[PDB]
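Quick heads-up: it's one chain on its own, the form deposited without the ligand, in structure tokens.
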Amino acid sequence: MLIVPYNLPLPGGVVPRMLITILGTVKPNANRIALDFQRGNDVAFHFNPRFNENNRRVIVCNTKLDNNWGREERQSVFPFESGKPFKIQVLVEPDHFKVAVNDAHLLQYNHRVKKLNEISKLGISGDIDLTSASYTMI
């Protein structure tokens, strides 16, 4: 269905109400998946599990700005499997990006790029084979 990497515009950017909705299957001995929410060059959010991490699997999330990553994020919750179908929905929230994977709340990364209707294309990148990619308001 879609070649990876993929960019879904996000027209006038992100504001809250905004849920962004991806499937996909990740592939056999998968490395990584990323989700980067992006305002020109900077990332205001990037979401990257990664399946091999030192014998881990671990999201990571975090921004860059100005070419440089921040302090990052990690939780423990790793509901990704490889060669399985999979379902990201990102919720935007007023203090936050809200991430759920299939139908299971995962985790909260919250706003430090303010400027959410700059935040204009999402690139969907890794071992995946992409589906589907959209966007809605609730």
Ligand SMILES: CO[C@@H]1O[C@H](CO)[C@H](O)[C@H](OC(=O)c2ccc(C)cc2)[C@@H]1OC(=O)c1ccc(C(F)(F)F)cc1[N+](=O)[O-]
Contents of the next structure:
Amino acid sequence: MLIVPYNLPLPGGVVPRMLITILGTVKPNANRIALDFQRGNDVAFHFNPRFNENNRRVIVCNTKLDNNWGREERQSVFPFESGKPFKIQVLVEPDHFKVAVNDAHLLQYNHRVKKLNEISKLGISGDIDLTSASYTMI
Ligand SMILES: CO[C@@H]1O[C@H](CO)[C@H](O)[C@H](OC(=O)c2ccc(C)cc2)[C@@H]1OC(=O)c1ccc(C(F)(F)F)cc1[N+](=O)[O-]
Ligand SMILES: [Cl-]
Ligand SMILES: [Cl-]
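Structure of the form deposited with the ligand bound (previous: the form deposited without the ligand):
Below is the whole assembly, all chains and molecules, this chain first.
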């Protein structure tokens, strides 16, 4: 497994038609996962499966600017299961990140950070065994 937390450099940032693929397995009794697409200290796109928020499973998406979290976007569909292998695919489109999990569309997140070519790191953290993280231009 790769060591979590794991930083994947995104050379020259992200661009439409860039597909980021994360393969891992959820640990047993997981509490959280996080993908953080970073523009220096800012978080352009935070994707945060929470396995127990007041006894519900919810995915929280948000942006952090100058250390301030913004308005959360919340999804009720929760495709992750403790102990089970997953594939997350984040496809950069012109207006949004498009996220599929296990080949099923999950959510999109509108670009709040506009300087896509400055989102040059992906942080992968939380309660996973991380198998691989890569990108390809489609
Ligand atoms: C207002 O809460 C905040 O919301 C942000 C998104 O809008 C981030 O997710 C942010 O967390 C981080 O940035 C973060 C967290 C951990 C680490 C290691 C690094 C960075 C923080 O979340 C919690 O703290 C949170 C909110 C709810 C709950 C829940 F209720 F679900 F348990 C748990 C947490 N928990 O971070 O643990
Ligand atoms: Cl590693
Ligand atoms: Cl910007």
